[PDB]
Amino acid sequence: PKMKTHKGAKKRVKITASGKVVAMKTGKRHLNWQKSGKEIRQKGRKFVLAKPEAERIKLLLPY
Amino acid sequence: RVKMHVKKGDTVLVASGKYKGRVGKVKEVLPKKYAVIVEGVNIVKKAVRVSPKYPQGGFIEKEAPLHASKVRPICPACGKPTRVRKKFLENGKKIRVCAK
Amino acid sequence: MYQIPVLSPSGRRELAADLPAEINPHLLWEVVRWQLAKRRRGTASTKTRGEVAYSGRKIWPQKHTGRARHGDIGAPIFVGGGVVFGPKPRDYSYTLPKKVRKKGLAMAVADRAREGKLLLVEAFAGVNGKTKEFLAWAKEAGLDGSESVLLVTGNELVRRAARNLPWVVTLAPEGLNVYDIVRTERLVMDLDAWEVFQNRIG
Amino acid sequence: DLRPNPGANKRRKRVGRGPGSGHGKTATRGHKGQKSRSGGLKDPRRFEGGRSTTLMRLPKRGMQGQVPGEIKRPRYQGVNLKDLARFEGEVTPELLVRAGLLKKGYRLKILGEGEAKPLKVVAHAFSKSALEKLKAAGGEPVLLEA
RNA sequence: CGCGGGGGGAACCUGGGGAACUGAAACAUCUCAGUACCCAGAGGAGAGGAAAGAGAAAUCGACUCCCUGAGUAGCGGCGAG
RNA sequence: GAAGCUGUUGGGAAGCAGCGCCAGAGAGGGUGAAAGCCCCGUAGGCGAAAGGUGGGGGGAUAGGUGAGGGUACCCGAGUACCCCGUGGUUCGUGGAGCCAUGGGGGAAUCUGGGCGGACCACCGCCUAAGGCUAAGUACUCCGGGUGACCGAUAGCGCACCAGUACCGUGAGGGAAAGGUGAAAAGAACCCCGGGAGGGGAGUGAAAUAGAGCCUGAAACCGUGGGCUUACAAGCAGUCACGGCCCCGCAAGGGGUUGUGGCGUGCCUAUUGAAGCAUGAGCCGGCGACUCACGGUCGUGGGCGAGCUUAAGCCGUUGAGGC
RNA sequence: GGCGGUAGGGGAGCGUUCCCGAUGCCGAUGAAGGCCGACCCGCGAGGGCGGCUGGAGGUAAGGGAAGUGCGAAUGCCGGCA
RNA sequence: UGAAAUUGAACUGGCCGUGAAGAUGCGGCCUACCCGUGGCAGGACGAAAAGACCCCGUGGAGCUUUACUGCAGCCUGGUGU
Ligand SMILES: [Mg+2]
Ligand SMILES: [Mg+2]
Ligand SMILES: [Mg+2]
Ligand SMILES: [Mg+2]
Ligand SMILES: [Mg+2]
Ligand SMILES: [Mg+2]
Ligand SMILES: [Mg+2]
Ligand SMILES: [Mg+2]
Ligand SMILES: [Mg+2]
Ligand SMILES: [Mg+2]
Ligand SMILES: [Mg+2]
Ligand SMILES: [Mg+2]
Ligand SMILES: [Mg+2]
Ligand SMILES: [Mg+2]
Ligand SMILES: [Mg+2]
Ligand SMILES: [Mg+2]
Ligand SMILES: [Mg+2]
Ligand SMILES: [Mg+2]
Ligand SMILES: [Mg+2]
Ligand SMILES: [Mg+2]
Ligand SMILES: [Mg+2]
Ligand SMILES: [Mg+2]
Ligand SMILES: [Mg+2]
Ligand SMILES: [Mg+2]
Ligand SMILES: [Mg+2]
Ligand SMILES: [Mg+2]
Ligand SMILES: [Mg+2]
Ligand SMILES: [Mg+2]
Ligand SMILES: [Mg+2]
Ligand SMILES: [Mg+2]
Ligand SMILES: [Mg+2]
Ligand SMILES: [Mg+2]
Ligand SMILES: [Mg+2]
Ligand SMILES: [Mg+2]
Ligand SMILES: [Mg+2]
Ligand SMILES: [Mg+2]
Ligand SMILES: [Mg+2]
Ligand SMILES: [Mg+2]
Ligand SMILES: [Mg+2]
Ligand SMILES: [Mg+2]
Ligand SMILES: [Mg+2]
Ligand SMILES: [Mg+2]
Ligand SMILES: [Mg+2]
Ligand SMILES: [Mg+2]
Ligand SMILES: [Mg+2]
Ligand SMILES: [Mg+2]
Ligand SMILES: [Mg+2]
Ligand SMILES: [Mg+2]
Ligand SMILES: [Mg+2]
Ligand SMILES: [Mg+2]
Ligand SMILES: [Mg+2]
Ligand SMILES: [Mg+2]
Ligand SMILES: [Mg+2]
Ligand SMILES: [Mg+2]
Ligand SMILES: [Mg+2]
Ligand SMILES: [Mg+2]
Ligand SMILES: [Mg+2]
Ligand SMILES: [Mg+2]
Ligand SMILES: [Mg+2]
Ligand SMILES: [Mg+2]
Ligand SMILES: [Mg+2]
Ligand SMILES: [Mg+2]
Ligand SMILES: [Mg+2]
Ligand SMILES: [Mg+2]
Ligand SMILES: [Mg+2]
Ligand SMILES: [Mg+2]
Ligand SMILES: [Mg+2]
Ligand SMILES: [Mg+2]
Ligand SMILES: [Mg+2]
Ligand SMILES: [Mg+2]
Ligand SMILES: [Mg+2]
Ligand SMILES: [Mg+2]
Ligand SMILES: [Mg+2]
Ligand SMILES: [Mg+2]
Ligand SMILES: [Mg+2]
Ligand SMILES: [Mg+2]
Ligand SMILES: [Mg+2]
Ligand SMILES: [Mg+2]
Ligand SMILES: [Mg+2]
Ligand SMILES: [Mg+2]
Ligand SMILES: [Mg+2]
Ligand SMILES: [Mg+2]
Ligand SMILES: [Mg+2]
Ligand SMILES: [Mg+2]
Ligand SMILES: [Mg+2]
Ligand SMILES: [Mg+2]
Ligand SMILES: [Mg+2]
Ligand SMILES: [Mg+2]
Ligand SMILES: [Mg+2]
Ligand SMILES: [Mg+2]
Ligand SMILES: [Mg+2]
Ligand SMILES: [Mg+2]
Ligand SMILES: [Mg+2]
Ligand SMILES: [Mg+2]
Ligand SMILES: [Mg+2]
Ligand SMILES: [Mg+2]
Ligand SMILES: [Mg+2]
Ligand SMILES: [Mg+2]
Ligand SMILES: [Mg+2]
Ligand SMILES: [Mg+2]
Ligand SMILES: [Mg+2]
Ligand SMILES: [Mg+2]
Ligand SMILES: [Mg+2]
Ligand SMILES: [Mg+2]
Ligand SMILES: [Mg+2]
Ligand SMILES: [Mg+2]
Ligand SMILES: [Mg+2]
Ligand SMILES: [Mg+2]
Ligand SMILES: [Mg+2]
Ligand SMILES: [Mg+2]
Ligand SMILES: [Mg+2]
Ligand SMILES: [Mg+2]
Ligand SMILES: [Mg+2]
Ligand SMILES: [Mg+2]
Ligand SMILES: [Mg+2]
Ligand SMILES: [Mg+2]
Ligand SMILES: [Mg+2]
Ligand SMILES: [Mg+2]
Ligand SMILES: [Mg+2]
Ligand SMILES: [Mg+2]
Ligand SMILES: [Mg+2]
Ligand SMILES: [Mg+2]
Ligand SMILES: [Mg+2]
Ligand SMILES: [Mg+2]
Ligand SMILES: [Mg+2]
Ligand SMILES: [Mg+2]
Ligand SMILES: [Mg+2]
Ligand SMILES: [Mg+2]
Ligand SMILES: [Mg+2]
Ligand SMILES: [Mg+2]
Ligand SMILES: [Mg+2]
Ligand SMILES: [Mg+2]
Ligand SMILES: [Mg+2]
Ligand SMILES: [Mg+2]
Ligand SMILES: [Mg+2]
Ligand SMILES: [Mg+2]
Ligand SMILES: [Mg+2]
Ligand SMILES: [Mg+2]
Ligand SMILES: [Mg+2]
Ligand SMILES: [Mg+2]
Ligand SMILES: [Mg+2]
Ligand SMILES: [Mg+2]
Ligand SMILES: [Mg+2]
Ligand SMILES: [Mg+2]
Ligand SMILES: [Mg+2]
Ligand SMILES: [Mg+2]
Ligand SMILES: [Mg+2]
Ligand SMILES: [Mg+2]
Ligand SMILES: [Mg+2]
Ligand SMILES: [Mg+2]
Ligand SMILES: [Mg+2]
Ligand SMILES: [Mg+2]
Ligand SMILES: [Mg+2]
Ligand SMILES: [Mg+2]
Ligand SMILES: [Mg+2]
Ligand SMILES: [Mg+2]
Ligand SMILES: [Mg+2]
Ligand SMILES: [Mg+2]
Ligand SMILES: [Mg+2]
Ligand SMILES: [Mg+2]
Ligand SMILES: [Mg+2]
Ligand SMILES: [Mg+2]
Ligand SMILES: [Mg+2]
Ligand SMILES: [Mg+2]
Ligand SMILES: [Mg+2]
Ligand SMILES: [Mg+2]
Ligand SMILES: [Mg+2]
Ligand SMILES: [Mg+2]
Ligand SMILES: [Mg+2]
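Protein chains in written order, with the deposited numbering: chain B8, 2 to 64; chain BY, 2 to 101; chain BF, 6 to 207; chain BP, 5 to 150.
Worth flagging that the hints you see were computed from the coordinates, not collected in a lab.
Treat the hints with care, since some could be wrong.
[As the list claims (entries may be wrong)] No farther apart than 25 Å at their CA atoms in a straight line, the calculated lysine-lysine pairs in the DSS-like style are these: (1) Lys101 (chain BY) x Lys54 (chain BY); (2) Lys52 (chain BF) x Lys104 (chain BF); (3) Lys64 (chain BP) x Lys21 (chain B8); (4) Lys12 (chain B8) x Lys36 (chain BP); (5) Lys76 (chain BP) x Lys46 (chain BP); (6) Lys64 (chain BP) x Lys52 (chain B8); (7) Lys103 (chain BF) x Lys107 (chain BP); (8) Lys43 (chain BF) x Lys137 (chain BF); (9) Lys9 (chain BY) x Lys54 (chain BY); (10) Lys46 (chain BP) x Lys12 (chain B8); (11) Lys8 (chain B8) x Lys64 (chain BP); (12) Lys14 (chain BP) x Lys108 (chain BF).
The whole structure should be built from the sequences, with the hints applied where relevant.
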């Protein structure tokens, strides 16, 4: 009874005003040491995610 | 309790089947199986007897039980339903529109 | 439609109405269902594999037995065992939109009216709860009994009248339900009851 | 109108599929045929695979909790002046809550597009652009304070 | 000498004690769960109850129960939950 | 506690026909079959010497109710509070408060003391360390009501003298098993027979309703008849021809198989099976995709920048509305 | 002009139990079911008609809700080989 | 007097091929009237047992230890008595 919003997913991903799903660019914290200015920058912004976005939606539904 | 039904041991008409119309005085009424014995349904019992005591029992066609639903109380007027009028002291029963 | 035939001691003055015209069967249906649905009381019960007297012991060791293979007798495949997916008690009702509730009641009364059976009445010479009186009134009203009537009046004495009468059904003013309405051939209701009807929808 | 012939207007159709019969959907009973199809699969959405699920993303979302719980801050219900001008008179949190777009909200903030009609707009917040339209015809009733 | 207790009661109730399977596609935190079960005690109910409360409103005003708040706030090998 | 009587079909009317009636009662049950009026009930209405329940109504009693000034006498102790070990909370050590307390230190009485999430200040809240408390809530052994609940492999395990028979040292496990007929009128007497059992008679509308007897299916055993067979080689059938027998005026059709033609059972599982892989003796009955909540896409309909109510309350007793 | 087909998806329909239709209608001049059939209609699952048994129930048109169709599970219970 | 395991249904021949690679059942050819009683045991991959061997399942269990973690138990500082 009552879908339970997958907190773990919400705390790391927010859904667009349309029907898309957005998250932070991966691999920017640990591995880092001295990666080109390009890397750290390209990893700064967010992105779209295609199919699995349909999956994550099926979690934060009541949200 | 409540077993009590229509008439008792008096003048009755039979509106049943094999003995429709026939009139007779009811000699017996068995409340348990809700039936009365008049003079109508009188079938033949071939049986000698169940108890050997007293040799001949009889090929008697004696009176047979009859559902107390098909028999009806009666009076001067022929065949009337039952009404009950608490008297002036007791509890008597008047027929359709007459006494007793 | 509009114009309705009102009956009174002063003759057959035919007043007017406001009820709609477009009768949408489906809508009307949904409502009726909702009615026959909310009354549906869930009482059907079938003790599942759980609630059954049988033990919980295993019948055979399921090995070098030559026999099939089972646990307890509570298994559905054990004639007498627990019902597989037997229906348990539950409500069959829901919450049909209020708009529709009224929309139906409108199209309903409007239909039987449109056909020409919505006779509004007032003069009830039926002094008391004596069926004779009613049938005597209905007779002089145009109700020879060839048409089932839905009697909607405030007076509880008028109830008594057609209360026992087989070809008629008594009902409270608010009792107006799309089922009983579209369940009869004729509709006849107290003018005052037509007022409270105008309250819910006028 | 009689009971007969009221049924669904051809589109209800409680055509519930019977997955076992001998034709249509038989032995396997609906799409199955393999194994791991008897009780239930993992989730699967969001979940299984076995590997490190697509859950490789990372939480930037700070303020993602705290022991005391949640802070109490004035909620601001953004209201567009296009719907505001629809009805004319004296627009206050009272009117917009009784019928409009407030829902027992906290603060009211008129703004957005549309063409503000001439009237008193008693709001708790005004957009810089929103203060223009109404200043071209009307007054600017600010919020409370205490 | 008098007053009382003992014991029984389908389910329900408070208290004292309290698993593991299972889930996490392993498993040890976590889960199942204060669940099952044990024991004591009460009664047609029990428990709880007039504030050393709530919480941000110079607001409410015993306790209990229903809806809602809300799968929110938040908790979490931030995994499963 | 209102209202029916004659005729007719039948073993039997309540069916069918004729005329009539009651109805605050046309819920249901029964009566030889399909009855508002024949019986029991139903609507409405009446009732307790005794017991139990009983502020809903009344009466009585217990208890309790005021201002200002001074004094500051009293206001729950191994308690608060602090620390160490933990439980509860959404709180798993975490910035960890609050509530509870196992060990240790250990206070004050309104200039007191807890608290508003570490801690300080400020502002506000609240009086701990004694006790009591109706109602709204839980449940259903028990009585009643109702059912788009079952109808004897169902439904409680049990409709039936069942937690029995039986099994187990024991805890415990746990069955099967309902129906003659309107009425018993349940079969007198005779015949064969030790008896059981039949046969005739008699009963009944009916006895292939005769007694674990209504209906009485299938596997399975049997008797009579038609067709067929001892030179034959087969998943047993199928196509054709012919002969035999049987229904129809005929054309035609049905039952059987002599000869010729063709032909590797079903299910499962598999790359692949007649397979020397699985399952099945045979029949009949039982048996497996659901329900609730939430989500999602489609769909029918209402309403539209709006749409919708939740608990509950009023109503009813299979009325809805707020 | 397309029309072999397993896993599959999609479409239409048949039958079973109950509900409204029912204070009705069919029914002892015979209900449900059982037995037979070379007739009738349907592609079909089925539906209809005729004779026989049987002895009191049954239920259209149009709709609604499901404990809804078994050949296999060394499946279950019973009966018989 | 009177069982049993077994049993898809049977109208259940040989050889050389052939086939999922060991055929009464499919091809070709050779034998071969129907039915049984007694006896043997080569085949029907004969019966019984969801292979004990082996592998697979992030199955299960008993056991070992300088595998991990943890508990009893024992030693011990402070501390209350
Ligand atoms: Mg990289
Ligand atoms: Mg930057
Ligand atoms: Mg006679
Ligand atoms: Mg159980
Ligand atoms: Mg049990
Ligand atoms: Mg038991
Ligand atoms: Mg069990
Ligand atoms: Mg059990
Ligand atoms: Mg068990
Ligand atoms: Mg067990
Ligand atoms: Mg085994
Ligand atoms: Mg059962
Ligand atoms: Mg049972
Ligand atoms: Mg049962
Ligand atoms: Mg529901
Ligand atoms: Mg639903
Ligand atoms: Mg819904
Ligand atoms: Mg009526
Ligand atoms: Mg019409
Ligand atoms: Mg349309
Ligand atoms: Mg297919
Ligand atoms: Mg199959
Ligand atoms: Mg399979
Ligand atoms: Mg596979
Ligand atoms: Mg599973
Ligand atoms: Mg701020
Ligand atoms: Mg602030
Ligand atoms: Mg516009
Ligand atoms: Mg004394
Ligand atoms: Mg005592
Ligand atoms: Mg006790
Ligand atoms: Mg006691
Ligand atoms: Mg309990
Ligand atoms: Mg407890
Ligand atoms: Mg696990
Ligand atoms: Mg393991
Ligand atoms: Mg565990
Ligand atoms: Mg644990
Ligand atoms: Mg827990
Ligand atoms: Mg505890
Ligand atoms: Mg406890
Ligand atoms: Mg006790
Ligand atoms: Mg109490
Ligand atoms: Mg208390
Ligand atoms: Mg706070
Ligand atoms: Mg309540
Ligand atoms: Mg809640
Ligand atoms: Mg992790
Ligand atoms: Mg009486
Ligand atoms: Mg009477
Ligand atoms: Mg007359
Ligand atoms: Mg009739
Ligand atoms: Mg008295
Ligand atoms: Mg008394
Ligand atoms: Mg009271
Ligand atoms: Mg008084
Ligand atoms: Mg007084
Ligand atoms: Mg006094
Ligand atoms: Mg006093
Ligand atoms: Mg005073
Ligand atoms: Mg005062
Ligand atoms: Mg002083
Ligand atoms: Mg104090
Ligand atoms: Mg003390
Ligand atoms: Mg002290
Ligand atoms: Mg403290
Ligand atoms: Mg503090
Ligand atoms: Mg302490
Ligand atoms: Mg000391
Ligand atoms: Mg002092
Ligand atoms: Mg506080
Ligand atoms: Mg504090
Ligand atoms: Mg603070
Ligand atoms: Mg201060
Ligand atoms: Mg106190
Ligand atoms: Mg309640
Ligand atoms: Mg009862
Ligand atoms: Mg009961
Ligand atoms: Mg039934
Ligand atoms: Mg029935
Ligand atoms: Mg039974
Ligand atoms: Mg007898
Ligand atoms: Mg004899
Ligand atoms: Mg005999
Ligand atoms: Mg004899
Ligand atoms: Mg004899
Ligand atoms: Mg005989
Ligand atoms: Mg017969
Ligand atoms: Mg018979
Ligand atoms: Mg006999
Ligand atoms: Mg007997
Ligand atoms: Mg016998
Ligand atoms: Mg018989
Ligand atoms: Mg019978
Ligand atoms: Mg009978
Ligand atoms: Mg027979
Ligand atoms: Mg027999
Ligand atoms: Mg023979
Ligand atoms: Mg013969
Ligand atoms: Mg023969
Ligand atoms: Mg030869
Ligand atoms: Mg020959
Ligand atoms: Mg051959
Ligand atoms: Mg002939
Ligand atoms: Mg001829
Ligand atoms: Mg001829
Ligand atoms: Mg010919
Ligand atoms: Mg011929
Ligand atoms: Mg011929
Ligand atoms: Mg022929
Ligand atoms: Mg023949
Ligand atoms: Mg051949
Ligand atoms: Mg296999
Ligand atoms: Mg294989
Ligand atoms: Mg395949
Ligand atoms: Mg073979
Ligand atoms: Mg085989
Ligand atoms: Mg094998
Ligand atoms: Mg195998
Ligand atoms: Mg086998
Ligand atoms: Mg066997
Ligand atoms: Mg057998
Ligand atoms: Mg068998
Ligand atoms: Mg079968
Ligand atoms: Mg079977
Ligand atoms: Mg079934
Ligand atoms: Mg089924
Ligand atoms: Mg759903
Ligand atoms: Mg979606
Ligand atoms: Mg949708
Ligand atoms: Mg929808
Ligand atoms: Mg639409
Ligand atoms: Mg739509
Ligand atoms: Mg449309
Ligand atoms: Mg629409
Ligand atoms: Mg539309
Ligand atoms: Mg009623
Ligand atoms: Mg009913
Ligand atoms: Mg095709
Ligand atoms: Mg094709
Ligand atoms: Mg398919
Ligand atoms: Mg269909
Ligand atoms: Mg009709
Ligand atoms: Mg009815
Ligand atoms: Mg039936
Ligand atoms: Mg029939
Ligand atoms: Mg046919
Ligand atoms: Mg016919
Ligand atoms: Mg007959
Ligand atoms: Mg027949
Ligand atoms: Mg029906
Ligand atoms: Mg079933
Ligand atoms: Mg099959
Ligand atoms: Mg079977
Ligand atoms: Mg076997
Ligand atoms: Mg067997
Ligand atoms: Mg058997
Ligand atoms: Mg075998
Ligand atoms: Mg076999
Ligand atoms: Mg050969
Ligand atoms: Mg050969
Ligand atoms: Mg011999
Ligand atoms: Mg021999
Ligand atoms: Mg031997
Ligand atoms: Mg051998
Ligand atoms: Mg195996
Ligand atoms: Mg393992
Ligand atoms: Mg282990
Ligand atoms: Mg220790």
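Results of checking the hints against the structure:
no.: 1; hint: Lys101 (chain BY) x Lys54 (chain BY); result: violated (45 Å)
no.: 2; hint: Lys52 (chain BF) x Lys104 (chain BF); result: violated (41 Å)
no.: 3; hint: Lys64 (chain BP) x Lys21 (chain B8); result: holds (18 Å)
no.: 4; hint: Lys12 (chain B8) x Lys36 (chain BP); result: violated (36 Å)
no.: 5; hint: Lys76 (chain BP) x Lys46 (chain BP); result: violated (40 Å)
no.: 6; hint: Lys64 (chain BP) x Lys52 (chain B8); result: holds (22 Å)
no.: 7; hint: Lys103 (chain BF) x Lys107 (chain BP); result: holds (22 Å)
no.: 8; hint: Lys43 (chain BF) x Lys137 (chain BF); result: violated (36 Å)
no.: 9; hint: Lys9 (chain BY) x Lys54 (chain BY); result: violated (33 Å)
no.: 10; hint: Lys46 (chain BP) x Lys12 (chain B8); result: holds (23 Å)
no.: 11; hint: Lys8 (chain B8) x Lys64 (chain BP); result: holds (14 Å)
no.: 12; hint: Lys14 (chain BP) x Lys108 (chain BF); result: holds (21 Å)
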